[PDB]
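This document opens with one chain alone, in structure tokens, the form solved without this ligand.
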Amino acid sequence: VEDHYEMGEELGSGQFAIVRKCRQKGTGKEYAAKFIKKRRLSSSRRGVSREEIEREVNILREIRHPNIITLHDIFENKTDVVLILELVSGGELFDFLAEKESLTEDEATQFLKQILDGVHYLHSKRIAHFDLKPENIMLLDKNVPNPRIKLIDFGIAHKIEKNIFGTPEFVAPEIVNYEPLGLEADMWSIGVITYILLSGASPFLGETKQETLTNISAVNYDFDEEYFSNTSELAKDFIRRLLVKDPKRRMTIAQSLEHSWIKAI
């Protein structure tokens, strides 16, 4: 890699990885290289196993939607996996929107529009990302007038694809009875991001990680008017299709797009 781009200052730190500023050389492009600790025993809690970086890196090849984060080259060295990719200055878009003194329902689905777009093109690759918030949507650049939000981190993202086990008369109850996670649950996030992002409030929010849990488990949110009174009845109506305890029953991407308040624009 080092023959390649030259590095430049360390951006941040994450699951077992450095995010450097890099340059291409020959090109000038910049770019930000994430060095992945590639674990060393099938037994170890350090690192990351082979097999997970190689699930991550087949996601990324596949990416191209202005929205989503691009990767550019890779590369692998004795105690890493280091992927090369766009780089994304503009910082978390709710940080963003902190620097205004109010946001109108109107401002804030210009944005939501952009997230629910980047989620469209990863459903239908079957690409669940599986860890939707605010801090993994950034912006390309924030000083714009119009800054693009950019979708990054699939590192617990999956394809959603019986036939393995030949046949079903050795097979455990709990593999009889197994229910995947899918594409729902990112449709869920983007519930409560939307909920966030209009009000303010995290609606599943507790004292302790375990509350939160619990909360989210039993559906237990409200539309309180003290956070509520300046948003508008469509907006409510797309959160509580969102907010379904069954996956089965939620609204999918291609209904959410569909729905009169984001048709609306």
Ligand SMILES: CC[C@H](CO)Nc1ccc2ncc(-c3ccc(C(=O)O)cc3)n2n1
The other form holds:
Protein chains: 2
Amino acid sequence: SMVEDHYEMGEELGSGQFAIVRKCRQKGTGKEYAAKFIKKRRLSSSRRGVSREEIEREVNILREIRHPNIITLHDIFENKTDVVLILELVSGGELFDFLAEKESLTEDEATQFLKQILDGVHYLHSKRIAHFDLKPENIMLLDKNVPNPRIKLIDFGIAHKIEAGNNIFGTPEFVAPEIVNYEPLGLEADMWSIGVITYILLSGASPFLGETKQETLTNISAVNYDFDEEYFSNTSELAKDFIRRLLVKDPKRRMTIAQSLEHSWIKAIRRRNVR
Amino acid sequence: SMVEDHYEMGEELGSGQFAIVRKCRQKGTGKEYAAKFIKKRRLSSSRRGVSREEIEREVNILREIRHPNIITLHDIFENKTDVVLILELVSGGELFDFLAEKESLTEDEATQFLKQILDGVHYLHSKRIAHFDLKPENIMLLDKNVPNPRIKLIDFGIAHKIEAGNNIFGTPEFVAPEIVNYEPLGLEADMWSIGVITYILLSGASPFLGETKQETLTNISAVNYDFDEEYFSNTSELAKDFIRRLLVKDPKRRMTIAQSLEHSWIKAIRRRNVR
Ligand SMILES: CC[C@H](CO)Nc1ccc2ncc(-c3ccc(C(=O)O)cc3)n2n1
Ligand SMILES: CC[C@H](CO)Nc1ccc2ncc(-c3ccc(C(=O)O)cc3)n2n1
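Show the other one: the form solved in complex with this ligand, since we just had the form solved without this ligand.
Up next: the whole complex, starting with the chain shown before.
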């Protein structure tokens, strides 16, 4: 009767700051799922756990989205301490793991993954949803032991709907400079992330990584990276152009998801990879 | 039975881009109110009218707030085209009108208004509410024909709750520069506005106003203003210090509402003004 009682919880799959993922089994069907336990914030004024509004944001996004390259939400329940998302079980690991094993990917291998990531982001962007945390750890594989693995985007923990929005009619005389210069975060941030994913897939090298977290942030802000000959000596001009057109400081000058899909590097006719 | 049928609408009081305000009378009590008609957006995808979410934001803020220097929401209804806010009727005009008649205010007159504005903003900020459109047009007087008029803050059309908020736990390696450098809009914007209000109350001069809207925006961003001797030759150093400590580009370096209330110019013992 209680939805919680319909799932038998099993072992931990992993953990983050705010959530623990456990394997589970639906009692009646025997089908397995991933159960993401999100620890609820206890008082509005607390700085721990996740607020009701932040949980609802993620769950509302997961409920709206349906695409082959995006994780599926199967069910949801809540108890005293947690809201539990019952998600499709995906058993081929993360793209992070796959890349770590291969060291780097060829351009044909990289584009087979990227086409899928681009399709999934195209879908999200069509619904005005910015994921805001695209990275290889948030891209799962259905089965890693095939030559062209299928992927699923996960972790909508900081995903947002982007409104079209700006008193544009009133006097600006009393408005603060941060408002005068306000530019909302939007879909372009995902495009930047896709450029970084592309770079790392081709090289195994992180383009902005510094010796300290502060150095990484400084490098990102300055767009301080290059195509080091250690990794890119034989990389195509088209692959470099794709990355350059995404790694742009000004969000308004980055390729859009539509432009990325029409880029020659992605359009290019290639063979599906053999084992 | 229908709430709408309990109010007899009268003449227009004023109009903006998105709203018309009419005088009205509650049929049973005979008491008069201001009725703000907010035109509803017709499709999510439309760029006209006001979205449900934007209406709810304003109405939820008005419902939470109760303070002598803040407008009171009395009732609400909705019809096919509009959501109608029934507000306390305030008949002494705007601070905008009052200043236009006086040309400029003395420091004693200015501080009598400012103490009230500061009290009202103190309250809003205590509830994590940024008004975001403070200006003399959004400050009404109960009665303009007294020496020390009482005021009410109005127009919560772009007011927002400010959360305390920032994947601070994950890698920043894939994060876009606009996210790395993201600073949310917050309570400091109101403090800037209060500095501009103060300046104009003392001089009748707008500090950043240019010949074109673009010039005004450029002046705001650059904090390009001075204390022109035409208006400020006899203004106190304390009044200038108060304004300087608010008109600061970096929001994090502006006086907070608590600091403003403890400033010597505001703390100073003064006589209530005579007629
Ligand atoms: C921390 C959990 C890690 C993720 O790679 N392990 C697994 C293992 C199998 C599996 N199957 C589905 C999922 C999963 C799917 C989605 C999320 C999410 O949207 O945050 C999290 C986990 N996961 N996660
Ligand atoms: C555009 C309407 C102007 C405002 O000064 N006239 C009046 C005249 C009397 C009066 N009494 C209350 C109000 C009023 C009060 C609040 C609002 C609001 O929160 O937007 C708007 C109007 N108003 N507004």
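Numbering follows the first chain given and starts at 1. Here, rigid core means the biggest group of C-alpha atoms that superpose within 1.5 Å across both forms.
With the core superposed, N143 shows a C-alpha displacement of at least 2 Å between these two forms.
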